[PDB]
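Residues per chain, in single letters:
Number of protein chains: 2
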Amino acid sequence: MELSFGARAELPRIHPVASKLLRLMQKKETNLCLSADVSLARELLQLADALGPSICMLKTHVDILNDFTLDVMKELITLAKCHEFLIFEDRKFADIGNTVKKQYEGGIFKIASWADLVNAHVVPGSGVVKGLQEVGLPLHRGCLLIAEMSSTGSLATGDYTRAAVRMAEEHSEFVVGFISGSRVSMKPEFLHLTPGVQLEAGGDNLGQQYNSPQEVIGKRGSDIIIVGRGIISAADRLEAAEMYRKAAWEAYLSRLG
Amino acid sequence: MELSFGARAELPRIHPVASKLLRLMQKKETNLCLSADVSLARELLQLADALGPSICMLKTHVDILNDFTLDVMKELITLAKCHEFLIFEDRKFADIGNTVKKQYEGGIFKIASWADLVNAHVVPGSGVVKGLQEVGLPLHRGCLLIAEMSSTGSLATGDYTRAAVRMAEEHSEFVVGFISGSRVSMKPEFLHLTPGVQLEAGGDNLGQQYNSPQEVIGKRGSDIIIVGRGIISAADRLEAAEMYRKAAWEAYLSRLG
Ligand SMILES: O=c1ccn([C@@H]2O[C@H](COP(=O)(O)O)[C@@H](O)[C@H]2S)c(=O)[nH]1
Ligand SMILES: O=c1ccn([C@@H]2O[C@H](COP(=O)(O)O)[C@@H](O)[C@H]2S)c(=O)[nH]1
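Sequence order for the protein chains is A and B.
Residues in the first sequence are numbered consecutively from 13, following our numbering.
Residues in the second sequence are numbered consecutively from 13, following our numbering.
In isolation and in its complexed conformation, chain A is listed as follows:
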């Protein structure tokens, strides 16, 4: 009784951004999000173009790009359109509502102008969502709430995770899903994206902990895997991206029946 991505795209209460994402996931047979954690625009754009066909989403940290310009994001949008993926700026908004409005819309980055999706921490209360929504809703954008984290010592557990789910439910015109390690909402309209994913077990020296695609998608019920170093540090990023795509997509299919 679990709906395919394609069916989820047609759900009555689905956000237009999620519906576009779910349709291209189904069409392209990819539930992989590339975490393009690179410091040079040329590498960001070469990864986006080569791996574009293999991904449903490209997750950015534009505040690490040494040569950021708006023209770089224009070229990135051209590739997102060509290859059909969404752009997700992983900014983790977590300030008071009044402040996040200007961070999302303005400054040098003008995130709301090119980011299909942003994410936000729920620790400040619902004002963080309300502030972002004042910019994002008129621009037809979506937001993800951070309901759990993959890093050691995370405090996003128990009642904190529950607060994030309730917050999402109550703001469904803008909040389209979660960053979590597992399915945290029983409503199929919400997307679940899981970072801290690698084919092999382990972590890093700065608190990151990894789980496999089959575990996160197949057993823990998430929709999309967010993968950075497992792809970016490989020699052949395209075959690495294809390996992760096949793992996550088959895990999804075997969960469907």
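Derived by calculation from the structure, the hints in this document are not laboratory data.
Please note: incorrect hints may appear among the correct ones.
Which copy is meant is left open, because identical chains are indistinguishable; a pair holds if it fits in one copy or across any two.
Using 30 angstroms as the maximum straight-line C-alpha spacing, the simulated DSS-like pairs for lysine-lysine come out as follows [what the hints assert, rightly or not]:
#1 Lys231 <-> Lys39
#2 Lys93 <-> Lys199
#3 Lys199 <-> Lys86
#4 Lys199 <-> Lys231
#5 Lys93 <-> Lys231
Could you slot chain B with the ligands onto chain A? The hints should help.
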């Protein structure tokens, strides 16, 4: 048995950044931090120069500055040195450790190059501190941990606040204090900075809640008030800044004895 700012500056376990801050607070008789939430470099630099003598710290959001350049931060450093205040970039780092390293050091903003202090959320676990420390410690910088928030619905309460205090204790070579609404640590080496401060009662429409200087400093035991709109929206920002300085400084003095 409460030590003056001047004495706290000499405590054996005090961080060099906190000691410099505590000395200038004492010398200038100001425990006021100006939240310079403006979008134009000219207004940021005109506020820093005119209110510099009245402040112990200028808190920035460089990601809302429409015309940010590194030369703007050079001119801001010239004013911080001239007038003797610290610069605090209110970035609220809250990502995995590996990611925050590059956000703090690199990108367009090169925050670590000009920010005496940054702050960080504790929700990801201690990896956020460890990541920032790898850049900040070699540069002799300090970090503040967000132990409580002033916004409605905040989840930074109870065991979350306690986790932030423990995290600070265990990283005292880099963590110099807290963003909180009250004294949360009994160790005088740590600084307590409190936002959500205005002379009059009220809030905003996006979740902000205000308390007075006398309440935050005098009754709740914080060290420094962080004030934005109560100064920036006033016609005469200098007299507004002087009003807040006198409130916070007298409240401190009456707490001493
Ligand atoms: O809870 C989270 C939330 C976000 N991320 C992001 O996902 C990417 C993973 O990068 P990787 O380890 O190289 O695969 C990084 O950009 C970080 S901030 C997490 O990791 N955990
Ligand atoms: O828990 C917090 C942490 C930080 N701040 C920041 O302090 C400033 C207050 O701005 P004001 O309302 O205009 O005085 C803003 O930049 C916000 S992000 C809080 O408010 N609460």
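**Prompt:** For which of the previously enumerated hints does the structure constitute a violation, in increasing order of number?
**Reply:** Violated hints (numbers, rising): 3 and 5; every other hint is consistent with the structure.
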